[PDB]
Structure formats: C-alpha cells, structure tokens
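In the form solved without this ligand, a lone chain appears below as structure tokens.
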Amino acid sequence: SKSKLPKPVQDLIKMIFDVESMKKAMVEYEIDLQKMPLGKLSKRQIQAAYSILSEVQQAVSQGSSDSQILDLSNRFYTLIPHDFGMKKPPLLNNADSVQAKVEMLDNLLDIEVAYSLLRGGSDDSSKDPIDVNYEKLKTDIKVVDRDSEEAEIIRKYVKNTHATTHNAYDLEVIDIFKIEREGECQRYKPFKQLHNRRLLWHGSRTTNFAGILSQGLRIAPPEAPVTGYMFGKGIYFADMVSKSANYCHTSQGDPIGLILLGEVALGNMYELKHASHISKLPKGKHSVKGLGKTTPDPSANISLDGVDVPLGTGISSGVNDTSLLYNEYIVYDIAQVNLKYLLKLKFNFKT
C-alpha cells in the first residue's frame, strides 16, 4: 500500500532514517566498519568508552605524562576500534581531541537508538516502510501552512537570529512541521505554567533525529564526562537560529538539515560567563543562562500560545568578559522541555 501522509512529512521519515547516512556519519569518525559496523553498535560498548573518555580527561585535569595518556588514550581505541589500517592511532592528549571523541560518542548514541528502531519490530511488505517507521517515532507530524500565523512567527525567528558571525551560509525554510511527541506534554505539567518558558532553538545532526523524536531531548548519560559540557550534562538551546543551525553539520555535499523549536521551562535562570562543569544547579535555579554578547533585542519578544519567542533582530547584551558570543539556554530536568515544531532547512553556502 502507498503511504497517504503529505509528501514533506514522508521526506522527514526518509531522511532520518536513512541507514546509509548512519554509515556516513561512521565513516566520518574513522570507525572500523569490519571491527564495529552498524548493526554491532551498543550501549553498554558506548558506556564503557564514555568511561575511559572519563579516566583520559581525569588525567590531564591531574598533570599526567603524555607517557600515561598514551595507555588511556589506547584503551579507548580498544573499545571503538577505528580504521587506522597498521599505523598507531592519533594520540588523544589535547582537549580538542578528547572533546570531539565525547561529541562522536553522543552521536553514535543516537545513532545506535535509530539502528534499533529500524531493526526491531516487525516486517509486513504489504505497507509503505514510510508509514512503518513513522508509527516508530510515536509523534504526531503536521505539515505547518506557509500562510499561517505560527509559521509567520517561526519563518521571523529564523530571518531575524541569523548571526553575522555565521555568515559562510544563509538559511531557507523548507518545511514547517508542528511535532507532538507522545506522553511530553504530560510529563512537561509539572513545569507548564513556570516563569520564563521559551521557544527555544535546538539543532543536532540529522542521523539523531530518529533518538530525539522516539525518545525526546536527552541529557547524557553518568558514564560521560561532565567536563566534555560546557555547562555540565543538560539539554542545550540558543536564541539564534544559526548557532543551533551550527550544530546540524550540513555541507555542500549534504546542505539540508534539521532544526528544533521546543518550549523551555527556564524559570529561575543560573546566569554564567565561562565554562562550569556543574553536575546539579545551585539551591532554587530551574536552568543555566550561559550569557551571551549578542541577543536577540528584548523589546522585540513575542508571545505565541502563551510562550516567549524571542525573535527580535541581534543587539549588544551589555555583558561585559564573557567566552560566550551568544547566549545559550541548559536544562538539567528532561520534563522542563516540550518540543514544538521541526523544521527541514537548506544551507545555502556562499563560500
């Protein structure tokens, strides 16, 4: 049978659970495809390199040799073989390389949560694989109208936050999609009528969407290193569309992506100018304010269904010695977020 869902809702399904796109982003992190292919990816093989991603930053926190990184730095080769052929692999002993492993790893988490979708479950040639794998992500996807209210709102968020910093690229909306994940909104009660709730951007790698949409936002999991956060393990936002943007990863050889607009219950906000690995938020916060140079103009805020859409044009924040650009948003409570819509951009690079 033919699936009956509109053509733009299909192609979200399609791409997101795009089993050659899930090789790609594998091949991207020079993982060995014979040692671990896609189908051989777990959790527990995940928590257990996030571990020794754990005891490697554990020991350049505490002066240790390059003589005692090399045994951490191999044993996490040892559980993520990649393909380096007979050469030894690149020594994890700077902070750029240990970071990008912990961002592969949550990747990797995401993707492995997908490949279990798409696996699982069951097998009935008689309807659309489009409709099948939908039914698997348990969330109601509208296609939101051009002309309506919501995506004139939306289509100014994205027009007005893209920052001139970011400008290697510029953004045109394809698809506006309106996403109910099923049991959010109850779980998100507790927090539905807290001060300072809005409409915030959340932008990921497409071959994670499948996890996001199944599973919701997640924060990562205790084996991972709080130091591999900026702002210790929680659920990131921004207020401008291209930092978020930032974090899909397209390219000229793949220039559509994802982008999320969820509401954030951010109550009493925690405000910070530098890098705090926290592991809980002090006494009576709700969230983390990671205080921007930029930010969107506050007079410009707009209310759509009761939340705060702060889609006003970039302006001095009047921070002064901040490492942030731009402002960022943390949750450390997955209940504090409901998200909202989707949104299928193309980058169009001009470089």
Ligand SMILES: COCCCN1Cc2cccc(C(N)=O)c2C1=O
Given for the second form:
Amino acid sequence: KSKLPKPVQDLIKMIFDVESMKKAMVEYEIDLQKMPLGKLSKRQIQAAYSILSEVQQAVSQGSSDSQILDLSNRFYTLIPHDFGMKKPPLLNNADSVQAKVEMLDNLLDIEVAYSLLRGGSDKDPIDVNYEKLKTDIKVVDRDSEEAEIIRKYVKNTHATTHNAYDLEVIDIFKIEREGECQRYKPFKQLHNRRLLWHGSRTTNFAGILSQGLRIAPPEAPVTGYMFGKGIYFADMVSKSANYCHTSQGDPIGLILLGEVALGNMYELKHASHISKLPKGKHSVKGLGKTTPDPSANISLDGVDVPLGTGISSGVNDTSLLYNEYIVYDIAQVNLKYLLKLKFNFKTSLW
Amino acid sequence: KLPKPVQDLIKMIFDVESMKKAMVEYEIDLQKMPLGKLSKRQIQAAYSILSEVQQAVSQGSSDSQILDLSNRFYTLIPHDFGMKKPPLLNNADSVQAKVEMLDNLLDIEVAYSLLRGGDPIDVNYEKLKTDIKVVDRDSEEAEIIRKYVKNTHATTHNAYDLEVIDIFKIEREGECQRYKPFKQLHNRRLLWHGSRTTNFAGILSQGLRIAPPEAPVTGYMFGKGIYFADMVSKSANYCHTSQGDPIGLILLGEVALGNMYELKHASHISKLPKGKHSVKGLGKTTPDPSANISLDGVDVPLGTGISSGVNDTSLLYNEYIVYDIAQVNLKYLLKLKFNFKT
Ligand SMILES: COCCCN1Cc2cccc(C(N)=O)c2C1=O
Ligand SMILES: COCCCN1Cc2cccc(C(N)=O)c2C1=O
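Any chance you could show the form deposited with this ligand bound after that form solved without this ligand?
Entire complex below, previous chain first.
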C-alpha cells in the first residue's frame, strides 16, 4: 500500500484516467470505434499537423478549391471524426484550422499520457504511476501563508466575463520536476520574472509533469496560434481555467502556477504568428483590455505575483480581453505549483 | 501647353466618371451618397465600425452586438444591393472586403475634394503640387525601368503580359526634404506600388499614406504601413485592370528599409520593435541577388524570379512595409498595358 499523502494519491488517479482521455477525444468528435485510444500514434499526429500546415499554405498562397477539399478529406481520413448528420467542416479558413490545431495539441498530450500509463510495471500501482511523473509532489498546508496568497490570486483574478462558474481550491501542490531547476538556472538571472497560470485538461498533466510544458512540434502550423509557437500563460486565473475544459459533467480540474522569465516583453495587441523573437525581446505580452491592479502586486525572490483585481488597462484597440504571456524557449519556465480546482457552475443570473 | 502623355495623365486621374463607376461596382447607393457628398469623416467612422466588429469577433462579444455593428456599417455607408441581402460583417473575410473598399473611397474623396476646391487641366496640375516630366523611351532610365518590368513579372500572374507606355519622373513638393533624415539609413531600395487610377490624384497630392487610426490593424496582413513589392506583377495585380479596361498606373518608390524585420506569416502591427525600421514578408520566390544593381546607395532588385529556400511561408513573393510615411521617396510613375490571354 502507498505511503504517499492522500491528496497526492487522488491526484495520481485523476491524471492517469483512461475514461477521461476517452471523454476528451469524444469532445473533439473523434470516432472511437474507428480510432480507439490504443491506436493513437505520434506519427499520425505529426502527419495531421503537416496537413493543417499545408492547408493553411494552400489557402494563403491561393490554391484551388479542389486542392483545399482534397486536403480536408486527407485530414479527416487520418483523424476519424463522427459528425452525426452535421456537415463536416471544410478546412478552408483560419478558424476551422485553429480548431483542429487545438484538438491535435490535446491528442498529442493524450498519446503521451496513454503511453506513460501503459508503460512500466503491472507494489502499489499509485506509487508505480507516481514515479512515471519524475516530479516531487508535496501537499501545501491549507493554513500556510503560501496557501493564503494562492487562494487570494485565484479569488482576485477571476475575470468578470468568466461568470459561468466560481472556482474553489481543493488542494495545492508544490512541484519540482526532475532537472528543471538546473534547466531554468540561466534564466533565474533574468529581470521581469512572473508567477503565471497555465490551464490544461487533467490527463495532459501526465505529459506536462513528465516532460514539462512544451512547444508545438515543427509540423504544427505557426498560424495555428495567435502568437505563434511558444508557451502560453495568463495572469487571470479564469482565462487559464477555461483551458481545463471542465463541465458540470466533470467539474474538477488542474491548473499550474509557473515562474516565467519574461525579460523584455514584446507588447502586442493583435495576432502575430511568429516562431522567433526580434533581437532585444525575450517574450510576448498580449495586451488585454483588463489587467491586474499593479498597486496590489507583490514580489518574492524577485518574482512578481500579479494578484490585484482586474482594472481597465490603457488599451481599447485590442483583440484580447485579458493579458497573455508567451515564451519561445522551454527553459524560460519553472513550474512551481499545481492546484486542484472545483469549478462550481452557477444556476442564477443574479 | 503641358506635354501630351502628361495631359492624358491629368484627365485620367481626375475623371469624375471613373470615380462614379468604382462606387457602383462596390454597390454604393449613389442617390443617398453621391460622389459630391462623400465625407472623409464618414469614411473614418465606417472604418471605426469595422474596427469594433473585428474586436467584437476576437473578444467573443454576443452575436447581437456584432449584428448591430454590421447594421450600423450599412447605416453609415448607404449600399444598394438592391434585391439581395447586405453581407453580414461578422468574420475577417467580410470585414476585409469592406476595408479594401474604404481604402478606395478615402482616396476617391481626396481626389474629388481637390477637384472641387479653390484651363482646368492646368488648374488641376497646380493642385497636385507635384512636378512631372516625361522620360525618353530611348534614355538609359527607361531601359533599366523596362528591364525591371520584364524580369520581375511573376509566372503565376500569367493571365496577362505587361508593356510600358509612358514613364513619368515625379517630384512631390516637400518630399525630398521629408525623406532627408531617412536617406542615411541603409538598405534603400527601389520598389513597386500598384494602385487603381481613382487612387492616384490622392497619392500625388498627399504621397503614399498609412490607413487612418480608425482603420483596423487586422485588415492588413502586416498592419498599417505602406506596402511595396519587388515583383512588378504582384504590384500590378493591385491596379485592378481588365480585358475591358487594360491600362494601369504604377509607382516606383525609393524606400528606406533599414534593419528589416523578416516575417513569414501575418503580424498585425502598427509599430515596429526597437531596432527594426521595416518589415520584409518573405516570399517563396525572390529576385536573383546577382542581377541586383546599386545606384548611389539604392538597390534595384531587377533579377529574375529565383527560389528562396523559404517554403514554410504565407507568401509566394516578397513584400516590404514601412510604418512612417517619411521613409518613402517617390521616383517614377509608369503607365502600363495589360495583355490578357482570352
Ligand atoms: C496551449 O495552446 C496555446 C494556445 C491556446 N491558449 C492560449 C492561452 C492563453 C493564456 C493561457 C493559456 C493557458 N493554457 O493557460 C492559453 C492557451 O492554452
Ligand atoms: C494598401 O493595401 C495594403 C494591403 C494590400 N497590399 C499588399 C501589397 C503587397 C505588395 C504591394 C502592394 C501594392 N499596392 O503594390 C500591396 C498591397 O496593396
């Protein structure tokens, strides 16, 4: 029997849950008869991203309808969908491809989690699966100052437009991924280090913990992402928490706090599909209409914690309601905490 | 008393009827908004609504908020569809079609305002505040200018052949002096800019300008700058000529590119990061760097289309953008002929 703290055990059961992986694929309308979890592969996912990249090129550089249509057929042949009686969406515009890009990002992480789950020994399974994460996980005391500051960050940065649910913090975990300390070392030195959120489906955490946050593969279309292929973070808990993709049918999710070394920010208000930064720049800040009150900002260890409540920023001519922060090198991030959140979905409008 | 090929130019760009036709082809309702009533401020408000729509879409505003803005657009700019439904402005594509139209209307209003304000041909010349001279068909200037035309016609723009007709040397009053500080910058290059004829009176009295503050930065692939090509045909596509109307105008401009920000895909910016003075959108095809010429610090990239080793890009051919009007110095205005197969 495992000697791991009970919250840690429960975390392990959540992450390594085949049924949630299946639910995830069904949400993307993948036909599980034609493509079962066990038959997902990296190569298939790589080729699918290749097809989206070709699709976007064929659209940018004005290919013919026939070619666009062929590329769509190829995508849906490789990734089988069940659309019911709904018209299968042609991949002939930025919106349609961005949606498929997000599905593939999640497919990639599900493949990693299912791989990790199916690998190793068949001791307590909980301990066998814990070791697969290659991460030291400690439970933060509910009454710590550490816990209070974090509950305050959650409370204060919930955006007013994310009004469908309230968040309640169930468990807080201190995490240290094997070898990430050393990896982050050089950036430890950089100015403008910030403690920011990253939200993800619950089973994506097998890959996130074992491999860390990653940039999309070279096959993935740079145009698939608002600010290109980097690692995305929010300073508003609810903007990240939406990426948990929880529902009243499955209302517990997980979210990371990570220290990110931003340095000099390239400040942008609209899409910029970049893969590299111009010289002088270490990150992108996408500027939101709403920004945490910088009066309320705290800092420890030279890291800023933007836990002020949201106030109007200077900015009105923007594509974003809230800020977002992108780095283009995986070493720029050091994961600090992992929070287990219950999403309490609202029944009243008042 | 002005030369002939010049006199033709003045008539062609101050043509009230071409302006009327551009309007009809956009399905503008000329009874409610006749040419005479076009307002710069009205166009700016229309642009502003397009900005709101695009921001509403990106920010995830309600369908009813977006529907309202789309109706507001058509309140402002009277269209006549006149049995069909005005297109819904709720996506970047529909919005994009209206951005391009407003870009044209803004220029048409400039032209018409000139013509109304204050031999009419030479009253009109006066107002352009631009010195124009003809270039000799035989002179060396014309031979280099014709070679640039011929070498840089892209192969995917095969629907037509091009042939030069007149070459005009232009000097906008005040533009040398405006450009002075920028002449010091490196990577100065002689590039093309195509526009429709209804646009050229505005361009000559005012120079190449950036879309107004009200215009959406997301309406343009690299945001609000001035766009140039090194392929004559990429630029000439923007003349919007046809079998039925085969004569277009094109600019050759000296552009101070400086330290280029080199990009492969859309970036909707209104300013450059520190240290960058222009954007180069990278094409799959680029003129041969071997055939390049330098003339008193200005490069003329008249090499023939060769492959750049850059294949993961949104662009068949290069594009150059500057974000300060003062980085451009207009050198030549060409009058060309399109020979369509068909
Ligand atoms: C992971 O794919 C990136 C593209 C989609 N985005 C954008 C974004 C902005 C801010 C925060 C997050 C986040 N996950 O917490 C994300 C996010 O996933
Ligand atoms: C004024 O509209 C800006 C966006 C449309 N673009 C892009 C572009 C690229 C290269 C050359 C030109 C040109 N006019 O020759 C243009 C052009 O008009």
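Between two forms, the rigid core is the largest collection of C-alphas that superpose within 1.5 Å. Numbering follows the first chain given and starts at 1.
The residue that stands out in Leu194, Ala95, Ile256, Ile174 is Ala95, the single one whose Cα moves by 2 angstroms or more between the two forms on a rigid core fit. In the core-superposed comparison between the two forms, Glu223 has its Cα shifted by less than 2 Å. Relative to the superposed rigid core, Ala59 undergoes a CA displacement of at least 2 Å between the two forms. In the core-superposed comparison between the two forms, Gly306 has its Cα shifted by at least 2 Å.
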